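Below are the chains, spelled out letter by letter.
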Amino acid sequence: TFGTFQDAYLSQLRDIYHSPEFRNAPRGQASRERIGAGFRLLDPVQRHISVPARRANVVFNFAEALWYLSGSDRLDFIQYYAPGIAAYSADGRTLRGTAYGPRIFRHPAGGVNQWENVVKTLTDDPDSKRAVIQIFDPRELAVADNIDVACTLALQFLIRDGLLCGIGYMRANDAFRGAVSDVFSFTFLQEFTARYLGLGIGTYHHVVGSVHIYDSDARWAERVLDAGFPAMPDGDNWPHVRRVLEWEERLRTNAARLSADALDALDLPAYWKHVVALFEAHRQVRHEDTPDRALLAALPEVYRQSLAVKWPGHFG
Amino acid sequence: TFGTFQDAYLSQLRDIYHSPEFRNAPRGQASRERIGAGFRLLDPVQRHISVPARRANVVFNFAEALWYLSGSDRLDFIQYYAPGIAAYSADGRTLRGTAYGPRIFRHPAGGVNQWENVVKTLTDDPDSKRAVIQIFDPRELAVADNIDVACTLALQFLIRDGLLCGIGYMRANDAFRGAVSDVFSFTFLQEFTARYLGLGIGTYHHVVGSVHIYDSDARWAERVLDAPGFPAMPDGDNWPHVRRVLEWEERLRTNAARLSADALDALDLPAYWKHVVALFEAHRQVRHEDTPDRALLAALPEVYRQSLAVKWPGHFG
Ligand SMILES: Nc1ccn([C@@H]2O[C@H](COP(=O)(O)O)[C@@H](O)[C@H]2O)c(=O)n1
Ligand SMILES: Nc1ccn([C@@H]2O[C@H](COP(=O)(O)O)[C@@H](O)[C@H]2O)c(=O)n1
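Chains A and B, in that order, are what the protein sequence lines are. Going by the entry's author numbering, the letters in the first sequence line up with residues 5 to 231, 241 to 329, in that order. Going by the entry's author numbering, the letters in the second sequence line up with residues 5 to 231, 240 to 329, in that order.
Quick caveat, the hints were computed from the structure, so don't treat them as lab data. Some clues are possibly wrong.
According to the in silico footprint, chain A covers these stretches of chain B (three or more CB under 8 Å from chain A) [said to hold, decoys possible]:
1) 83 to 90
2) 170 to 184
3) 205 to 212
4) 276 to 287
5) 317 to 329
A few chain A residues facing chain B, derived, Cβ under 10 Å [unchecked claim]:
6) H22
7) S23
8) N28
9) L79
10) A113
11) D128
12) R134
13) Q138
14) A146
15) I171
16) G213
17) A278
18) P282
19) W285
20) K286
Some chain B residues flagged as far from chain A (calculated, every beta-carbon gap over 10 Å) [claimed, not checked]:
21) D95
22) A158
23) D219
24) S220
Just so it is clear, CB atoms sit at the ideal spot from N, CA and C, and this is done for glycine as well.
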């Protein structure tokens with residue numbers, strides 16, 4: 005049990021790096037590994053990693069979570085924030101196992117919107133043990149030479165004492181890289197759903213079959229070992254997400270830009286204005302426009318620190 | 005971490021009973037509950053409960069596991085061993101979420117034999133992290149008033165240091181009743197698969213979203229709280253033996269045949285599977301009111317004799 009994700013993240017990283025159970029090479033990727041590992045977070049909203057040596061990217065973290073909420077499998081959207089994710093696209097256009105959006109909202113088994121069914125299940129029986137979003141699909145292992153097999157099995161939500169608890173079940177999790185964005189996204193979905201249901205945030209449980217540090221990340225993991242997040246507004250945030258996704262697409266494609274004062278004047282809750290400002294900052298970097306230091310100064314300090322460490326030549 | 009399932013079972017039972025995180029009533033079923041609970045077994049073959057107050061039914065244990073291997077969803081097979089299970093059959097003929105057989109061997113999401121794909125995956129890449137059998141299906145929540153939604157999410161197998169390790173992921177588990185047969189079945193499938201792959205047995209991990217004791221079981225669970241090795245399955249491909257065992261299972265369940273102690277010893281089966289068919293003949297004696305055979309009983313492994321003697325003491329005690 006940990007208070008924040010960063011404490012759990014660093015504890016687990018130390019366990020795997022210094023006390024691995026196995027050394028092996030699944031699909032040729034040499035790794036340190038432990039089997040059957042998990043942790044509990046008492047405060048899932050505190051979902052960010054701020055250790056400067058880790059250079060956690062809060063823009064990618066929100067982008068991935070909103071990519072899921074958009075229901076999209078398109079590579080162009082997410083590789084803009086994480087160019088290396090193109091390695092898992094067989095067609096150069098879409099992602100399969102990596103794209104949890106379609107798994108949540110139009111699952112390959114029947115096209116089912118599982119998020120809606122979970123909300124209906126919890127509304128009809130608040131104590132339900134059945135409110136599960138299935139991610140994995142049985143046909144993924146029937147694909148020959150599949151380069152992108154879902155590694156999350158399911159997400160479960162439970163309403164307990166007026167709080168929404170969440171459980172993420174994964175068959176495998178990269179303890180150094182993937183875990184940072186997976187726990188961010190799963191606790192983001194948990195909070196989003198809690199707000200929608202009018203509930204407080206309960207605990208988050210992460211449970212993983214194989215937790216591992218790839219040997220190719222050993223040096224960076226060692227640098228990290230040698231070294241408040243704001244709350245989403247109450248209620249139904251879908252209208253805000255739709256507007257943020259509109260700004261996301263226009264900024265990513267450089268079809269729009271917004272100054273610091275334009276951002277502050279957007280008709281959005283402050284929480285979501287800051288997410289749009291992250292995307293405008295990222296546009297300045299990727300499309301080589303003038304970095305806006307007034308933009309940076311208006312962000313929450315957690316975001317300011319992420320930007321200054323990720324892009325010190327722009328925001329440092 | 006526990007040496008045997010019985011140690012983990014009793015420890016989890018006492019944890020839920022004495023220190024439940026929640027008391028609630030999903031679908032109106034009042035319970036004591038803990039969230040996100042798991043354990044690790046070092047010896048998954050030692051999968052049985054031998055506390056007499058629990059009256060664990062090794063015949064049902066093997067019947068459920070073989071029902072899964074048969075790929076069947078039929079109620080008539082399994083309700084013969086567990087009469088109350090018909091409460092989860094909407095049509096009186098089949099089981100849905102309770103029937104893991106079709107989920108393993110012909111999953112409704114594409115008609116996929118996942119066991120075959122797991123064996124192929126682990127043969128092509130022994131270190132694979134992908135060898136997962138999915139059980140739950142997203143369409144199960146799509147219609148209201150479903151009385152039988154799968155509570156197992158997935159089973160994963162990993163080859164680590166030449167040993168087949170298993171992980172069962174469940175969204176919910178009855179810690180007092182269902183967990184006894186679920187862990188039996190999952191570690192049985194683990195051992196079966198390891199023998200097929202020519203591997204030894206590693207660890208088994210059980211992880212469950214909601215683990216609970218139903219209030220209606222509290223009296224029995226209190227009695228259990230107030231209160240011999242399991243044999244190893246033979247090496248190699250046990251499918252041909254399973255097929256023969258299933259032929260005998262149906263003949264005995266329908267009272268179309270009977271097996272004397274000498275008829276059991278003459279079966280063309282490894283000793284391990286002869287004992288399983290003997291369990292079915294003993295069960296036939298119970299269900300069809302035939303003479304309890306003392307000689308059958310004496311030839312069984314000690315673990316099985318104790319289960320029969322406690323469960324049906326007038327027949328086998
Ligand atoms: N969301 C994701 C997607 C992939 N991953 C990583 O990618 C790997 C995919 O390779 P396998 O399919 O071989 O497992 C996982 O084992 C895990 O290391 C992750 O940790 N989180
Ligand atoms: N294999 C199975 C099948 C059912 N069960 C029990 O049946 C219940 C089914 O009800 P829910 O669908 O409400 O969970 C589970 O919560 C669990 O108590 C089990 O423990 N093992």
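Self-check item: Structure-inconsistent hints, enumerated in ascending order
Solution: Violated hints (numbers, rising): 1, 4, 5, 6, 7, 9, 17, 18, 19, 20 and 22; every other hint is consistent with the structure.
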